[PDB]
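Colleague: Residues per chain are reported as follows:
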Amino acid sequence: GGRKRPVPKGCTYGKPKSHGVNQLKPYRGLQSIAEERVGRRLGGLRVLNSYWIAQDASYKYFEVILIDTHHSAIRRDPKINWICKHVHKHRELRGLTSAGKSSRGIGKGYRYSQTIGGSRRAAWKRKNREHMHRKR
Amino acid sequence: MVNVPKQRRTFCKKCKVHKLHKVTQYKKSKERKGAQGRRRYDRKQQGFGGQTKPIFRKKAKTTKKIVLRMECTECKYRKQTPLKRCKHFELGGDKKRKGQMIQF
Amino acid sequence: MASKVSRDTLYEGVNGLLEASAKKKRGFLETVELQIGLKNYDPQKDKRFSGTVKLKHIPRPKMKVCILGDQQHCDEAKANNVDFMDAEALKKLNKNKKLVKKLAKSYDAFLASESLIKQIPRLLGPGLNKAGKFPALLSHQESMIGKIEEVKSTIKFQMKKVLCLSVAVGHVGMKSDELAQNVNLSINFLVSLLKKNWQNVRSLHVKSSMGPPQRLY
Amino acid sequence: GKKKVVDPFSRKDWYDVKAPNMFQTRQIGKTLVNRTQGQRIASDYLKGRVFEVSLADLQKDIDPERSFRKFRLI
RNA sequence: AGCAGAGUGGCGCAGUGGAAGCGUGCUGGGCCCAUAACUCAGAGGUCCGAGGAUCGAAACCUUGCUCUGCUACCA
RNA sequence: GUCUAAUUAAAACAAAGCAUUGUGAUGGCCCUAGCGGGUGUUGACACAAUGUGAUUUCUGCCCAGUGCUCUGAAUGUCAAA
RNA sequence: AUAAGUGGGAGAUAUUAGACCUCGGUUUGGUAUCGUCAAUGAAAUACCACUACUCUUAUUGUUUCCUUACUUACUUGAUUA
RNA sequence: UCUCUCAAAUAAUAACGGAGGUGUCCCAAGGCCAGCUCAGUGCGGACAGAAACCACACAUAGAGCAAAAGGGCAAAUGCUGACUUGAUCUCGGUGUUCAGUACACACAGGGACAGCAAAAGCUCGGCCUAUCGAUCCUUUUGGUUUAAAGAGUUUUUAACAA
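Chains as they are written, first to last, in the deposited numbering: chain CN, 69 to 204; chain Co, 1 to 104; chain Cz, 1 to 217; chain AB, 17 to 90.
In short, the hints are calculated from the structure, not lab data.
Pair by pair, the computed Cβ-Cβ distance ranges are:
1. Cz:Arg26 x AB:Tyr61: 55 to 61 angstroms
2. AB:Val21 x Cz:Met210: 36 to 42 angstroms
3. Co:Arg97 x Cz:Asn129: 31 to 37 angstroms
4. Cz:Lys97 x Co:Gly93: 49 to 55 angstroms
5. Cz:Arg26 x AB:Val21: 40 to 46 angstroms
Using N, Cα and C, we set each Cβ at its ideal position, and we do this for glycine too.
Could you put together the complete structure from these sequences and hints?
Modeller: Quick look at the structure:
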């Protein structure tokens, strides 16, 4: 659930807009949170996806899809060869996993015009650039 | 005490004639949501920034200018007139009586 | 608790209503009544139900109407077969009872002319107002053009202090088609009279005089 | 917020109370117990109760030599 | 602004559509030597205001005054 | 007995004594965002929280106000679901 | 008479005879029974309610909801469980 | 914010200068017309005295016009009857403040429509001089008009005029 701000119980040093503790919520889904934790222990297997089985009160049940890139079955067999590429190292933290892609919010079009043009950081940078052409 | 008659002959632009109008007090009518600024107002207040728009205190304003709603009997077309500041508004006035006893 | 013909849980159509002929179990001509409930029509307040309707196909009445008539007004009514009296009748009607085969309240309904409306409220007032026969402008006794109305079916309808309205619309021996026009027309005048209520008509009913209620859509 | 009808007298049943064997009269009475609800155990509300009547009266010694001697029942 | 409650003889308080009542105070009589206490006799009503309803309003309704408590609103 | 190292060592502070407060532990009081933990390898003759300040003597009147409290008439007022 | 009220109202029920009918039945006359009316009031109640009041009960569904039963959830405690 | 004075005779003109007032009051104390004559005094009139009502003569405003004060007024601007709602609608100007702008209030008009009186005339509040408020926003009233961006319709809603 709610990712209650790690506040000292001292009141959060500033403006009243920042004073919420317990109603402050992950910009990352619980699907992704499940994946990132597994991925640090299992750094040798590369995570494609996560799907849900069941949920009661305190916990949500996921099965996480793990691939062996160092097993020559998975080097072997052409469709999944590209996952062995070093570009896919911990997808989970970069949200190239389905869980992470949704939290970063990359949909074509308009409902996401800001942020689809740039991934979520990138869009900001383009906009706030004075593109100074030489021959002004 | 501004006394006001229940019937006033005044100009109505639908009859193009001076005709009798029944006179009523306007008042102020309930704040409604979905009002244009209220829809916005609520989102702006949406919570934890703490009460956006400045709460007007220092009210010295003893009265309010009364508006009388004059509705023509023949065309039902209604006309607004504002009158000058007075505390105590009355219509069909209990209209003050000239020379009146004070008796015995 | 209703006779086998009518189920009390079923809201009968205005077409289904016409089955009042079954509910005249009594050999003789029962009156049909149309019985309407009013909701949030505050009866103590200026929302005062007063009207007249002329029912297309007559309640089967023998209606003797009595006029106090001044000028041309007396003549006008006289053409329309009224009992015909000219203000000097106040003194006959009141003070004493007539004679033989006539009571001095041998009138079903009362009309007084606007010129004569000075005299009757003083003189006639104790006897007429208690009867409720007293001619108001809300009772719509202009009885000249109101006289062809009255004999040929005019019924007044007024709200009770418990806020109900109880109308006579017919006799049961009247053909079903004719009853249908009388119930619908009575209703249409009630709808006209409705001062701004959320749901002015909460239930409509028609009932036969000895006979079981019908709840109506 | 209970609120019972009224006349609870016209809700309290009827019952016979038997005295002991070696006395004389093994009826000492009939008396008016709460009507058995599944929200009241009237049998338990007959059991815990203790009575006293002088044995003389129950024995029905007409000129009672026993007049004083008080006797308890459960 | 929402909602609830209260105002009845000088005072305190009853009253559920037909009527004005109690206590205490107050006035006089009497008991009594005298008063205290008691007993007795009388006096004491825009029923907060106004209007509606109905044959009739403290009563029901509504609006308004006054008081009282909480609570929301906020150019 | 203590302290303002480096301008105040006292009449201030503490202090025994005196009185008051909560609590039977799924509690009281308390920390930590949380997990979990302090008191507590403690159990009401305990632990925690206060106020006044030895001994002697005295501890009056006032809960209207502001706190505090309740097996309290709890269809007052009263949120979301 | 006790109309909770009130709208309209110009009779309705029971029986018997005659005519008509296959018959429940219909028409007509008489007779008996309160009455719209008479009587005289706040509304007239034969003539029924429409709205509603106050009392009571059955039943389903729904809603407010309290108690109690189990242990496999959870919670608290003890042990090479 | 306003009057009188300061303020030095156009106007402008300040000090915690002087004497004061303004947040309202009023369907008349607005608007209009007709009639009247007030402050005050003199002289008569049981009850009536110094003052009650009745009656006549005089009388430049000394009274009265809500209010502060100062202006103004006598067949009224006052007072009393009569009739009424122009204290209205619409658009522009002007004065003050001084950007002679905003605002409020005032002044004179154009286009409506009247109100009153015999009419001429007057009358966009109170004889003149105070009496009250920006945007957003809340709301109402107005035309029943435009938009709700793939089309309609209907709720809702955005708006433009006052």
